[PDB]
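Quick setup: one chain, the form deposited without the named molecule, written in structure tokens, and binding and motion questions come after.
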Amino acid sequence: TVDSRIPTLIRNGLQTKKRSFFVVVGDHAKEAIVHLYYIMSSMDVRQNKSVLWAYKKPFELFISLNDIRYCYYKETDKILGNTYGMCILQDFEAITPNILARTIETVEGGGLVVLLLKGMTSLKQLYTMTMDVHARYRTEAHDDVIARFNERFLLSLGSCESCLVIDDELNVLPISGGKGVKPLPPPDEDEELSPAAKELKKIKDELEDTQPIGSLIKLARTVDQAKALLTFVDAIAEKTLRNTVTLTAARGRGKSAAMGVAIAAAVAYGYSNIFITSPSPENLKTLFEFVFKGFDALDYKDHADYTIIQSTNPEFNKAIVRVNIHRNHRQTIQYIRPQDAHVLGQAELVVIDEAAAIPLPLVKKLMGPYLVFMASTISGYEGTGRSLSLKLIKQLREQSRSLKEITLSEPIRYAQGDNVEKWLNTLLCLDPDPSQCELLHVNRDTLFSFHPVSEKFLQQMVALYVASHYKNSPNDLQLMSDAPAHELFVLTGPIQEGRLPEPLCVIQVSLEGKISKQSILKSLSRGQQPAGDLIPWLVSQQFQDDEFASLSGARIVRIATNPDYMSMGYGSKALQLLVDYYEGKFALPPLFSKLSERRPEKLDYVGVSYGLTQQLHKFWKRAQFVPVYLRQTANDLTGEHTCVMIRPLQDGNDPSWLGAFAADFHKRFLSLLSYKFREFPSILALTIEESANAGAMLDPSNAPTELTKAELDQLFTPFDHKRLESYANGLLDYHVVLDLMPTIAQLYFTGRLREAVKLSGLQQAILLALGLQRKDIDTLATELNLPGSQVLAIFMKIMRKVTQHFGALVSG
């Protein structure tokens, strides 16, 4: 027999269209899965869909009778947009939170999400079991790893009413969170129906006579989807290039289907050029599938009324890039990259998928005098933080021609308020005067113990980081929980007993370094790297230095503040407090440990690796950080170059080891502006150069030397001096004296000419651009918001200062 609660839970899930969670432990989980599929199928006939099975690397009749799809863990990106009647996970040791989010959301309501666990003598051994991902966290310095993610995972089950844990013998355990489940009253489909189903069929039958909306509204499955289609069509039918409709919805709500049917409606309404801009064409799979579904519903014929152009040469073979329409009239659905805004001159409809994840300048450039459709995932898996969506909406409101804001709430595959969706959104967390504040260290042994106060505080800090993330990734939660040396610091205001403090700033610090010199030389003779550390293993490779990585240091993995309290001084105060704590200025575990009650580790430096940005760089420089490295190949999804800043926090020790690194980086950066850096704005490059020089000034031996006649004559021939003097007098065109620009720029920005001649910020920026970035006058004028004549007018005054110094130098 079987426990009554298993068929009861399955029946409740089938009737209420909600998912059911089952966890099987033992060595013969196949029998349990077969018996759970038989029970699920015996009560309902309209849900017998395919079964998804995921592994890293009776029953015999069961496999040969039902459609079973096998998917690898690394191939879970291939099942995006599908829908399966029951999902199976085989290897616990491999399910990262990314895998769980990707593989659970693709189950229709009433199905079963079955997770198989290996036979265990006591569930109490789950908290210490070898993750296949733990191998990446461990390092030579820190080898042991205490698994805390599994601890919270097992405890989270008790908070889900649809989650049942069963054994090989099909017996419920007390850990199960749905042992108190009760049968629901039988339904009556003769007259009783959900109000949503009545509303949808009403909004469908009302517009059935009209075309093409009548035939393109029979594809929507939710009321919110129908309303989204209605407003999209009422903006398309308006045929006004002064309209802009944005669609923000959680993952799985059906943004792609609504936008695809809207694109089909735009095609049917007589639109010639339609452009879809997305970060990657592989995201445009379900969208184009629903565009094709709308075309089919519009009585179009394949290969006779439309041809599909698919890009096979690059990596994304399956990606659709172009669709041609030649039935009503020549129409094209072209996919362009977000950086290709130069092709939107004749754009009639530009649809920006995942507009939140697109960098803000790219979104600003993609908008024009046409009709713009926008999509954003503001919650759920792969979502965007609330801060970025708020910034985008604020920009749209400030610029607006006309902006329309619609939202989807009701999911498609499962009923609203699904229990399993609630649990997987809790386990993966997928949804005062600055001087008065104090910093506390958050203990990770209790923060992941699923205590109600601990869980509430964990959700608080997690949500803070969520907003500060162009794309949400729940793997960072596992990295934070199971890392061997990651420390979490939070900044709270003055708080009294009985009230949980409100986190205004959260700092995650990772301990790095203490790598043996033998390992350094072993790695430096090859290209392979342990990849455990970042700042040491990167400097030791870039500078070919075998002494830096043997130090002890801290990497600030993530520092985020409350978006409502940003730019008020909380982040800088938290950073200063952390630095002072690491400088030895402070002399059931409790969740919060004050900084004055734990002994800091002896650290020689603190470092950070982050995407370059003028505001971020200004903040880090104000925090006494100096650059050591700057990547040349910009990040494809972000558009920013990785920059590494290191601070010599330890006092009473010579900060000369960092002086050499800063000086080496400073001079390299000077002429690296012609290599993958030509695109940098002049002001940003000037600030980075100034910061690198300030860092290089730590070493007294790196102080610049004066310029003498003996070395000057080795650089400029007397005819070059004559040309410079002629230009300074205004008797020569600036194009003639232009190969001397690299030499003068290098002389000034390496310190030889810095003391002799005084240049302001604008003159320094123009000199840097024209000398090291090799920019034109037009580009420099546009970047600096100055007329072309004024750039040269202030450029001659730079020459009238260098020429005078050179003349006074040669004469005396």
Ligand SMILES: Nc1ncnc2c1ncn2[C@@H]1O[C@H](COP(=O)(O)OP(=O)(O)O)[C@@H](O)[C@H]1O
Contents of the next structure:
2 protein chains.
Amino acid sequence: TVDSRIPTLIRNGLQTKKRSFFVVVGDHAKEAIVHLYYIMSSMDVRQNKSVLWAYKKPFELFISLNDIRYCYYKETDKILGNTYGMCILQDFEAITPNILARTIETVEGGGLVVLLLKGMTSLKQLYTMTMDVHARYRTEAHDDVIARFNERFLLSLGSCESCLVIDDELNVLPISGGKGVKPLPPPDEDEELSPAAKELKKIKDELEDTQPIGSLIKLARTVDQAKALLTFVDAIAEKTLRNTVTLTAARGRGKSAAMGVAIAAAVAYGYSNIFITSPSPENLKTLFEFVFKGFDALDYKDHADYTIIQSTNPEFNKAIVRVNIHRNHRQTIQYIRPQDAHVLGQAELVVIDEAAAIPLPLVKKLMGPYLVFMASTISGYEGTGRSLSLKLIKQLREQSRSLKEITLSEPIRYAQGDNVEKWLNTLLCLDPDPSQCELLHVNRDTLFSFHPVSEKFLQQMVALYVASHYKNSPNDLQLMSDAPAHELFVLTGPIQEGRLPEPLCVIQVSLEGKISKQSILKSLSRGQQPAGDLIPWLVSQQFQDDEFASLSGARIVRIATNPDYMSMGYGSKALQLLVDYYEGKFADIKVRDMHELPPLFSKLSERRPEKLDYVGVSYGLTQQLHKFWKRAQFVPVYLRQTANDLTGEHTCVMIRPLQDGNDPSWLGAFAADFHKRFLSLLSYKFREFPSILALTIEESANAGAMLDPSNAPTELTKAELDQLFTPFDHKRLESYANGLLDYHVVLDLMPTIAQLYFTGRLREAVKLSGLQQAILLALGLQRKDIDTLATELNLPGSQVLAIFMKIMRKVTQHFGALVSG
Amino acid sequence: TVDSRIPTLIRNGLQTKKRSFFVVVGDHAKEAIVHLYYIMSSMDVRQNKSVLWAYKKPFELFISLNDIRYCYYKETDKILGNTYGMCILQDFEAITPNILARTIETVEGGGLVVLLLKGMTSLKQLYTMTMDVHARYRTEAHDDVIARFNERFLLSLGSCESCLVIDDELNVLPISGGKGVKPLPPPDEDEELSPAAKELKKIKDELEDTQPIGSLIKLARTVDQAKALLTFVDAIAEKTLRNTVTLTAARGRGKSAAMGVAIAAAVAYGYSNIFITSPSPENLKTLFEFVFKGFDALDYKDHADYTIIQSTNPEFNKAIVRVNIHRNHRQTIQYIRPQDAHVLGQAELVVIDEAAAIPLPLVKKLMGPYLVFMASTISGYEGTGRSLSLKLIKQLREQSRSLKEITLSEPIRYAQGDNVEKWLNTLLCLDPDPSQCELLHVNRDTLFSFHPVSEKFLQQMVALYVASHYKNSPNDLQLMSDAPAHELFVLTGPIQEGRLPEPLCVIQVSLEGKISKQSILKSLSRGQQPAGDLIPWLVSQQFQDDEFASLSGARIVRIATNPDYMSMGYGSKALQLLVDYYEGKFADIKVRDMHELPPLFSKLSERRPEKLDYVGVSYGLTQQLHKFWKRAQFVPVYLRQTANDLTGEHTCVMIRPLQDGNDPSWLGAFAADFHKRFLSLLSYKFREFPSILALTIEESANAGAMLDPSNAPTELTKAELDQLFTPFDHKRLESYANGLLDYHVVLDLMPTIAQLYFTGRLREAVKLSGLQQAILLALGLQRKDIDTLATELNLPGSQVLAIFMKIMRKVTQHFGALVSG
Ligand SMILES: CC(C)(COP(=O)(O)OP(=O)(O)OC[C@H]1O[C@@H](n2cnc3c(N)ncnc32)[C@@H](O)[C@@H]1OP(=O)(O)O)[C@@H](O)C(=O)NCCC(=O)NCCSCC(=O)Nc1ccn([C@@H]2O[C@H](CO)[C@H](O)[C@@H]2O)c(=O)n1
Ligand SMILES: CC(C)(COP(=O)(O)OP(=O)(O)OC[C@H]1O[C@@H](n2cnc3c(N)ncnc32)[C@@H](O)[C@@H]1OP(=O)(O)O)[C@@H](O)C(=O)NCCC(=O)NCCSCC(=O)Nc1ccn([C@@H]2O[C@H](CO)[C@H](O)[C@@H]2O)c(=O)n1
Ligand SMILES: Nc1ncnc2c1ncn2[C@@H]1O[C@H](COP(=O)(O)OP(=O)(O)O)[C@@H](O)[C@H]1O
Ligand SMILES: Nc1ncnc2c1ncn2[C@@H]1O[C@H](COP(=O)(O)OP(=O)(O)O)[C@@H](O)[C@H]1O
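Show the same protein again, this time as the form deposited with the named molecule bound rather than the form deposited without the named molecule.
Now the full complex is given, and it begins with the chain already shown.
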């Protein structure tokens, strides 16, 4: 006698085409799943689909009757863009937030989601379970890890109306939030149909006569997708290259699939040069899948009218790089990286999938005097921050000849308003004068306790620091929840009682350091790296130092303010409060844990700070971001040569010696060493730096070198000048300074003069303005051509020569005076 | 009573459609020309065309009745691709060989060519005329200039059968070679027509039905041009991109015009991406002229089916850069420079006009997996050497899927076998064991005396040294003929009597130097440059030296061997003979000058050489050419940073101190100064040099610095090493040498280590192989990326790191031993 709730929930999910959720507890879950599949199959025959099964590393007879796909947790990326009738998760030890999102969105509506839990006497042991991720965050300085994600995961099962926590012998648990589910009325679909379906049938048959719309539009499944297809084709049909269509929606809405049909329409419309740009070739798996689907709807013949060129040479062997069409005249569909903007000088259509993830300058150069298609993801898994989307939307409007924007709401695989989708979005959190503001430390125990007040703030703070991420990674939530030493700080204004304060800025601080001299020397003699810390474990390796790792410090993992209050002062003010705080300036029912709840908003005054020596931040170098860090008295110590592939910017590490009463000389050695490294390294992979940006780093690094008085530079004597330049070199300089010689001859002297000036030897003798320093820096250490410098400075080439010659007569006169005197 | 020869010659030229030549002598030539035009017009009405007139800086009534175009001698390039019924040259002072060719080829068949000569008592004063060109060759060391081109010009008038040296009062001179011209038989063209015309009419009407050939083929004027059109279109019609058509002919044959119709055919055939590459946009004036002519034959409508985009922004405002076609789908015709090979990744047709003038590597990268059209000029004005054409033809055959070659012979504007064309080609000369060979000095007085034996050798030697010129410049003949100090040397084998020796190698040596210390200081204090000499006038300016210009030397203006005997030894052997020779090791009838003729083949033994200090050569740097010069014991002194636009290579100057018994130390200072300049300048515009090529220059320059013993480098002491690297830098080096650190960290030390090695400080301490030196040179002084180095060396990137790490453990151990010891 099976319980009647399981058949009731299964029928409810199938009738409305919304996913159902189940969790099995026990060591004999094989009996449960086969009974679950029996109920699902005995009530409907349209669900005999693939049963996705994921593990890290009778039932025997039944597994040989239905299609089962076994996919590894690390290999779950291969099932992207697919559809399965049931998702199964077996090993709890490896279901990260990223994996949970990936294996859930690939389930069709009306299916089942079943999660396998190992044999348990009671469910109270799940909150303290070990994982495969706390093993990452273990450090010798901070080892103990408190598991909080499992606490939130088990408490959130009650907030899902389609979740049934089933048992080994088919029994329901009180923690399940769907125990009170009532059966739906019997379906009546013989004549009555959903209004969206009637609207979808209306638009399909209305344009059936017209071609190529009549054949392509049958591929659409939603009204929102269909309206995008007409919007795309309408731009194509005008045969005018002054259009631009921007599409934004969530993940799983069909923007990429609708993008492919738009491209297939353009091919049939007589378009020769078609280009696709995307952050990764992986994102084009579905886009190129529906181009062929659209081609099949157009009755194109394989190996006769089109060919598929697969770029199997690189690691992404499955990626499609080019498709050639030779029906009447040779038409082509080429996939290029966003950086390759030179090929687009002859194009007619550019499709930019996931344009939000592309850096804004790349999109700016990608768009030209042709037709551009754009798609973006604003919510859901792998979403984008609201700030970058706003920047992209505003930028396109400035360029506007015609721009049209559309949106998609209804999903494809599951009905809108899905219960499991809402539960997962909530679980992963996918979607005043500064002087009066005060910083508050957020207690992580109450924050992730799934309390209604706690949950509301968690959504606000999560959306605060993911508002600028190029891609939304849910694994960061696992990081904050289960970190051993990460502390969360929020800056709020003066807020009255009864109203939760609005987070104006969120700072995540990780405690780093306390490295024993044995541990550093053990691994500095090898190539292995625990990578528990970043700032102490990099400066020690980069500088081959032994004392810095022994210090104790903090790493600013993430700092973000509200996008509405940007450039107002709520970020710098939070940093100063955080800096002063570390300076010691402030002296089987499983209900939510109502007890053991400390004040969520524990003020900094009532908590004693730790004794810290420095604060460090590792961040992607940008001119605006660097200016903010330098304002907070940070000095660079490191700057990675290999620019990040996704963003195109170099990682920069800054360290501030916040502790007062301590020697500011251990950092003076680090800043000086980097400063002398930067000058010589300005020609290796730093040649692409703008002159102004590279100058600012040099000034900041030089300022940091002044923390140590022993690093003060000495003047240049006459004896040193003679050792550096032969009399032939001097006579060349005098003639050029008089305007009697071309500048090309005196060009080998750039490294000598520029190094002398920027190392401080010539800095006090001759004073140069901001513009002259930038030209000398580029010509001397970046080895930039004059024409390249003229373009970058937005100045004529002759004017650059005039400024450069001004630099010489200042240097030439001092050199002559030094030798003569 | 006018003489009957002028009407007879005019009728002869008109009937056969060959140009006629006249020369007028006197101060009242206006009476002669108007009588000449009267005879021309009174006998035919199809000659009332434009009368081109060129000057540097009644008749009044008659000039207002006919079209006259006045063009400046320097501005004669604007009449390129035009057609005129009569060419007039007035000022003898500026009719250079280049100008003479330019103003002659633009005359239609049957027209007149009249050259105006100022009033003369006798013609004997023409041989000694000053010009506007000898003013260039005047030098303070060598001032007197003997005019020989005018001597050859006046003697060659007798070798032209259509040249009548007319007088002021219509009288003929004995020097004229057409005084015995007999009248042609009366024409019979009512029914009888030339066989070429019948063949031309046959091919036009045969393909009249077929389109787009039927309309385009009417543009052809010769059978050879027509056969090219069918050859071009046949490649287009196959719709297969595995074809390549190479066209070679003389200048004025119609290769460019036939190229345009081929492009217009491709547009009508459904070709979207069409690209044109040429050395200069000027060469495309006629090609783009006939594309529109072909478009008009296709009845394309301006501003409705095609648009003309003119690149007026640069200096070549008349150049057409792009043409867009939007009849059915957007088709385009884009003009790109040969260097821009990245855009061709999507193309369907590439037209390479004047492919011979393009460097071979550029053509190699221009051709890809598409259809390529090629045209070249092999003879006539602005021709190309036989060596480069052979290199291009062979290279294409190696790449062969299908290749077809065609040729054109019959001209367009004038009938084949034109008398004036043959006279001009002759006038401008447009078209054994080495141990047994001996060098011979060619006497310039007899060489340019127009003697039948002398003329035959002149054609062989001219074709010898223009066999490698990218473009054929006839002004060089004016240089050799009227130079004040240039001496011509030819190397011949042992040849029996009665047979003129075959020139195996020709060397043109210009005597340079003897600059007073006042003259150098006068202009070294200013920016003006007489530019009479090159090697003494550049080393003095580049090095700010005062003694080198006072020396006496020789410049090897041009050295070329027979293309059949290349890489055999006839060039190096001639150089050694020339070097030893300067070392003093060898103790109104105007007939051709039969008297005053020295031995044309005066041996070096019977002529006393001049006391010389050095021999210098200015040449375009190539790896093969540099190896030959270094073998002859030459050392570089200069290397221009700005690569030549046409060829893409940098000018290099080498100097050899051939004089024995003299101090080889004045050059040791020059070579050492360049060697220290090259190391620092390897990052400014020399970054494009291959590692092997840049290494060879460094070795050669370093070897030259050894001529001065005082320039020998000293060893590196322990004190110097500590001054260069801080203990942090040393500890970084030890860790990397052990394989305990990434190579990116130890990268700022490249300029320090590479400079130390290549300056000689570390050269004797540590020995590096040829491959290791090249990697260290590029990574240290060229700042090349590893991936760039891996591609250039045709080696995997990991292997480059392995070799680079080998370089360190040699340097690291010496540094440790130096400090420890
Ligand atoms: C706005 C803000 C800076 C200050 O906020 P404020 O508004 O409060 O500025 P304030 O008024 O105080 O001073 C005024 C002065 O600030 C300046 N300023 C004004 N506006 C801007 C501006 N828009 N940008 C910059 N500077 C600005 C200046 O212009 C002005 O000078 P001015 O005064 O006269 O005008 C800060 O709060 C904020 O939200 N930044 C956005 C989030 C962020 O990135 N924070 C830094 C994180 S570091 C550790 C870290 O994790 N790094 C990473 C990052 C990514 N990745 C990977 O890449 C992927 C995603 O990228 C992937 O996810 C992965 O993660 C990674 O691996 N590691
Ligand atoms: C062939 C030749 C070198 C030796 O002749 P050989 O056959 O005899 O060589 P040999 O047997 O003695 O030694 C064997 C060794 O020679 C080597 N070697 C073997 N074959 C080659 C090879 N094909 N090329 C190179 N090196 C080779 C080596 O590979 C082998 O080593 P290996 O041994 O084991 O194998 C010489 O004779 C010759 O024709 N060179 C062609 C004409 C030329 O350019 N001469 C130099 C002129 S400099 C002053 C000057 O005016 N410069 C310019 C030039 C242009 N421009 C502007 O650019 C426009 C036009 O460009 C425009 O017109 C304007 O003018 C300008 O402004 N200024
Ligand atoms: N018109 C359609 N017809 C059928 N399936 C579709 C359609 N549109 C989307 N899908 C489903 O959605 C998946 C594609 O993901 P999609 O939502 O297009 O990515 P994105 O979120 O980038 O738009 C495919 O696996 C497919 O099953
Ligand atoms: N098919 C043609 N019809 C008329 N004129 C032509 C034709 N072909 C060549 N010409 C004449 O030749 C000139 C073009 O020079 P051309 O010989 O094509 O240059 P290239 O020597 O590079 O082929 C034009 O001025 C034109 O008058």
